[PDB]
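Undergrad: The chain contents come next:
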Amino acid sequence: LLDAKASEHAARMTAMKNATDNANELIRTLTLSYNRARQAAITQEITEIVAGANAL
Amino acid sequence: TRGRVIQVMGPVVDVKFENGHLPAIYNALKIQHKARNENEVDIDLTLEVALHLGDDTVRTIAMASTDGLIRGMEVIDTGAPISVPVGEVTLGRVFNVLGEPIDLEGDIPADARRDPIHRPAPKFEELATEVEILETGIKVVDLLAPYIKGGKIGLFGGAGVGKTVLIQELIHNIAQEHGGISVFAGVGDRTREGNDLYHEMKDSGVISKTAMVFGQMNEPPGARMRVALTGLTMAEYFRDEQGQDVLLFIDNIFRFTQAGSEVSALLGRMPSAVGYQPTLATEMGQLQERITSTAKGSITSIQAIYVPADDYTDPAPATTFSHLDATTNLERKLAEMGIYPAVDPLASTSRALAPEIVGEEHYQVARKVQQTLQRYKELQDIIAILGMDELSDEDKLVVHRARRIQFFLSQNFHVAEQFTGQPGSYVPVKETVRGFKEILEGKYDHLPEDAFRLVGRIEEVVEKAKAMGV
Amino acid sequence: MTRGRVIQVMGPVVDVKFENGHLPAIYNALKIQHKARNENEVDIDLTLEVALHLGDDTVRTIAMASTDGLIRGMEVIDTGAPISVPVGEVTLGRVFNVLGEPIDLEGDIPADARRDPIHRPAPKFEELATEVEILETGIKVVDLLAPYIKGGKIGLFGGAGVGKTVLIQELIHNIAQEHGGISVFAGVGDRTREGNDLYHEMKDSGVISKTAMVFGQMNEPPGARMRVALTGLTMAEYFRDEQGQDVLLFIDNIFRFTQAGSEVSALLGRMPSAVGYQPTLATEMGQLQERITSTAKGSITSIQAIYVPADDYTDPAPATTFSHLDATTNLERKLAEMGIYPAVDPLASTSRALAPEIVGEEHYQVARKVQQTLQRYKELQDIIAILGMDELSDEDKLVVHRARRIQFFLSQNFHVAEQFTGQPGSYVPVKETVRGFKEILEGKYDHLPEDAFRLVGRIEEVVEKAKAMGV
Amino acid sequence: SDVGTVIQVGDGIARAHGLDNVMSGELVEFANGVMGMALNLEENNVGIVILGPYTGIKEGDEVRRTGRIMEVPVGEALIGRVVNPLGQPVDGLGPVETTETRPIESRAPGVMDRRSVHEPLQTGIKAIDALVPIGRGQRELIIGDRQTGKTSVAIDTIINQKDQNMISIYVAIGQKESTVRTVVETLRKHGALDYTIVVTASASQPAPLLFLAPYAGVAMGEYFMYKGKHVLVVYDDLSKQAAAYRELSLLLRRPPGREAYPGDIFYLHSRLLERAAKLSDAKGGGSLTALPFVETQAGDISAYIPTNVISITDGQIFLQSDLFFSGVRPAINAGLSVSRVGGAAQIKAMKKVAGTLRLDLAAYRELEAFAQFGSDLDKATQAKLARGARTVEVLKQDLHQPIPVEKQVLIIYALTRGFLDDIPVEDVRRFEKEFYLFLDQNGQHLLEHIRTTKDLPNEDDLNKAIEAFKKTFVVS
Ligand SMILES: Nc1ncnc2c1ncn2[C@@H]1O[C@H](COP(=O)(O)OP(=O)(O)OP(=O)(O)O)[C@@H](O)[C@H]1O
Ligand SMILES: Nc1ncnc2c1ncn2[C@@H]1O[C@H](COP(=O)(O)OP(=O)(O)OP(=O)(O)O)[C@@H](O)[C@H]1O
Ligand SMILES: Nc1ncnc2c1ncn2[C@@H]1O[C@H](COP(=O)(O)OP(=O)(O)OP(=O)(O)O)[C@@H](O)[C@H]1O
Ligand SMILES: [Mg+2]
Ligand SMILES: [Mg+2]
Ligand SMILES: [Mg+2]
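Chains as they are written, first to last, in PDB author numbering: chain G, 232 to 287; chain D, 2 to 471; chain F, 1 to 471; chain C, 26 to 501.
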């Protein structure tokens, strides 16, 4: 039981270290997709506006 | 002094009045032509002045199709805005935008009074702002966003969410009791729902106390914009001169905002934001600031508002939120889970949820429910990735109660007799407070969760469970 | 005077005033031949194609070669007809430009040989023929999941550098040897190096005698690139109708036809649409691709490479061409970077030949069951991205093991890959491809490791590749 | 006078000078014999759209006024022929030999000229008939991503309408011509063409005819409708009509909008879709009914053109790619698919047997999401998780295999009342086929009563028949 409980606590700790590291990597990868999408939405709205303005 | 057509640009038309006696903005014009030869088509048309251009020429928006229009025709100037029959003659009848009766019932006499559709709004010297609570019998509204008697009520939602199935439930409950006129203004709605409502009103007998203005999805844009104002002039006459209290039901006020866009480019306006008119706030304000309850008499006004692309951050809804007193937002995610009515219990708000306007016992229970459902929202992210067993006893007990609260906000309506078989229920307010208090205190937590779906009173939930075998 | 003058110049575009009452038709061709009369001026040969009648006797003409050196006041002649391309047996074994001139340095085509127009009307409803039989390429993923059809349209979508041209060369190698029929290779928007490499491959093979080639490449002016696809197809249409032979048409990059139209359109006096594209995208694409059809007289099979602007399949030009194609394979960047060659998306790719009666019930049940395992693992992927496979239980574990086996067993060794990796290639017949997937699906090969399932042709090859490792 | 002259020619749009007495919406005839429609009328320039090949129209050529508003040919002779949007035969087989014409810009039946939907349109697909029911006079949307089952649900419907005195129209907008010939050969094989009309607008045609094709299709069906016979109409893509008018309006230089669509998209689609109705007994009680289709990029419900059309219709059937690839075909999401007339459009038996199944199949879908994250569960949830899995298998059905309505009600009765609970999930499709065989050989009385009465027989007899078959069954 001494070895079993000690080994269970260590196993959760690395599983938690790796889980946190995967999550933080996914946050930077997702964050860049949001910034590329945000800059495209602001270049579409300005081209539709200017396309109507040039016609009139 | 007559006029001549020069440009026909789809919905817009342009007219030159050579004499110099030009019309004025918002005036109405007549085109009556009998065909000279076989090639032509007979035309009868009304048009409204929008803009004065330079060369003695005026832009006009039509109230019927511009098919068969030929350059050089004749336009007669009435000299006034569109004029609508107002009086006891309106009651029990269906009319077009121009006050001509659509119904086969008969024809209005030319001796009748008519009033003009355009008028400045009521003033700070004579508006009023007392609060009372209007009972509806719908659990979500009666607890978390009580409708205020004499105040503006807004149902917001995207396509296919539950808005018209609420207006019909309020019409069963409020219409008969609330003695006084009711007006219905169907802006941009299907003609399969206009027919169904006429027969629903004929069955019950609400027709004698009602007047209806219908403009459906298939009309030219101009007719769809000026259908809101026609209903409003009738309700205004009943508020001011007769002095009876009145109800207004307006269906899809977004279709008013959308029509302006279609005609904006052909009028010569530059575009703004997400393809919207350079004058959105200004038109919404003019229409909405007339719909008020004055010192003379009260208009309760109930509206469906369409959220243009499932985006509540769009200009037309954002501009609309500034005008209401109570608002329920309908969400498709709830409609997917089958929780009807699909009302957001957090995003819905009212000016009547104040400790003195509803009572201390009511307010305590209402805010406590809103803490439970906000806690369930953040916790769902943790459950979705890590799993529910990982969490504490207090977190488990929140998820337990929040599931039951969210399903017990669903209800069996009489208009859902067609959609769900089961007949329907009316829950008085005192009962709703008792029951929600029991859920929060844990008394009924032994029962299985499926028993709380589409039931009206908590008594019923106990029996429904018995059938399951618990 | 049927002669005209140039009034304006705007890159690809030119404007030509003609005499009153004598204007060219709307797809008609013009000629400028000018000899320098002073040191300052320069000499020109050029041809142009009419596109719009603009008023005031004027016409707007796109140009088929560079407009550098044009002077206003130059004299323009009228051919009287569309661009006319030499057709007949004389085309076989030769390399061409858009104008129809031979660029192979083997001579010039005799002036009495018949030349037919480029722009002709599309085939009628009474004539078209519909049938289905299956064309066999030996490539595992196509043969099971999305089989190609004789007499159809085959489209290979993918972004920059994702493997379209190598798959085309493998198709040329297997099919054009077995075909017994005419072939046309048409290159719109492709490198001018790959043209030469393919020419030497065809001469060394001896396959050149039965094929003809049109090239217009990345360097050419925008106008020439549009008309090159139409040029290749008028030769192919003679082989299907008048010789009566069955034909293969290979198109190197069909995206460049839309792209070229975009550049010239803004300069013609047209308003934009969508992501800056032209306002005539659907009609322009459809006019070309409706001509490429099987008929009662004979059959054409077209294999086309479609570029995607970014790895984004929502763009206006790819999305419209999806509606025109009978069989489609989509090549994905993620899989290519993992090391899966060819990089076909198993769930996005489709075919009309996947139906019990066409394929047989055994093939149909095997293909659908493979696509069900792959969709479950595209949902498990959201949770295994973070936690790993401890969270997964029971069926989740067994499904991920079999999905890993399937995804590597769709990868193959190609004869055209020998120039990149030293391995020999493999051809897998259809009856063999179906048998292997079934043993993987049953679980008969659960013990063998995942690295033994990569770059092989038949299940027997996986067993010897595992035995080399001993794992 | 009535003669004018062309000044600009390009891309299917032309501008004329003169033609002073023209109307908006007229037909105009060029010298080549190609026809055209006037859509704009400025002070000096008439704007004309060409309805044919424009490669022969030169500047200064004459154009002359017909005197007719846009008219589509109608008559009984069109049935069984493949035709153009203009009344011109395409299949070969000679002239159409029509008798009269109708405008393509008709007004819709007004309020007080219509009635409620009360009679079924039995499609022969279990999911559509049971969960999202269709009645005569409804407008119903099939929405989905590419390759999901849209054309097949529409054709299976036409095939299962042979007995009823129905007339069907199939309008192919933007489709490659080979596919339409394939559809026609498929109808001819199932014998469907004898009571159908096919209207074709292939991707090679000028966009104006694509734009006119849906209107021509309803103009042809309303003729039958006002005469009293019931009619059905299918539009293969309305998203390709939206493209075609975007292109036309951009050539006529009307300013853009949300994306590049004009604002008159809502008007265009409503004009078309509100001519579908159930007329009242004074009008003779006919019915049109309509099936638009709409393809969405990324399989997404939340977008401009999809949400506009989801506002005009009387329901939707949303088909999902992940359901389709996961073994559920036809792939219908019960949570996002709703019928706004559902309940009146069913026979009395199916109302009683299957009234709340759509809400029930949505509760199962949500609870399944929760339990993939819940570990151990209680008895009431394991029971409801079982019934949900058994229901999704009873709803599965292969291509070109219709099931009659009396058989649909009996298998749905076994599911709702618990008879299928013992049968493992894998055997539910097999138990269905064996049950239909047993019902035909032995149980003629129960089916007789359903065809005779449109109502359910005595429970004891039904329980007896189904319990007896459960004795006969052999299970894995
Ligand atoms: N209270 C309810 N009980 C049961 N089912 C409901 C309820 N409300 C809506 N539904 C279901 O969802 C559908 C929503 O129809 P509804 O008329 O409410 O849409 P809508 O929000 O009015 O659409 P639009 O914005 O175009 O008017 C109903 O036809 C029914 O299928
Ligand atoms: N089957 C294959 N096996 C191994 N490597 C391959 C395979 N196919 C392609 N590659 C490699 O990936 C690239 C494929 O080049 P290829 O010209 O086919 O790409 P492409 O998509 O046609 O390029 P572009 O988009 O510029 O036209 C090369 O680097 C090549 O070595
Ligand atoms: N019930 C079914 N069972 C099995 N396969 C089916 C079923 N219904 C349709 N399919 C198959 O699914 C595909 C549907 O093709 P179909 O052309 O009907 O779809 P579509 O969405 O119209 O395609 P497109 O987007 O090209 O128009 C075909 O492979 C068809 O055979
Ligand atoms: Mg509604
Ligand atoms: Mg390449
Ligand atoms: Mg289809």
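Just so you know, the hints here were simulated from the structure itself, not pulled from any lab data. Idealized CB from N, CA, C, for every residue including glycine. Careful, some of the hints might be misleading.
Think about it this way: if two alpha-carbon atoms lie no more than 30 Å apart in a straight line, the pair counts; the simulated DSSO-like pairs of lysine-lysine are [as the list claims (entries may be wrong)]: (1) C:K409 to C:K308; (2) F:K124 to C:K83; (3) G:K248 to D:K378.
Pulled from the structure, derived: some chain F residues nowhere near chain C, Cβ distances all over 10 Å [claimed, not checked]: (4) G11; (5) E41; (6) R72; (7) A122; (8) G181; (9) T280.
Undergrad: Tell me the numbers of any earlier hints that the structure contravenes, in ascending order.
TA: 1, 7 and 9
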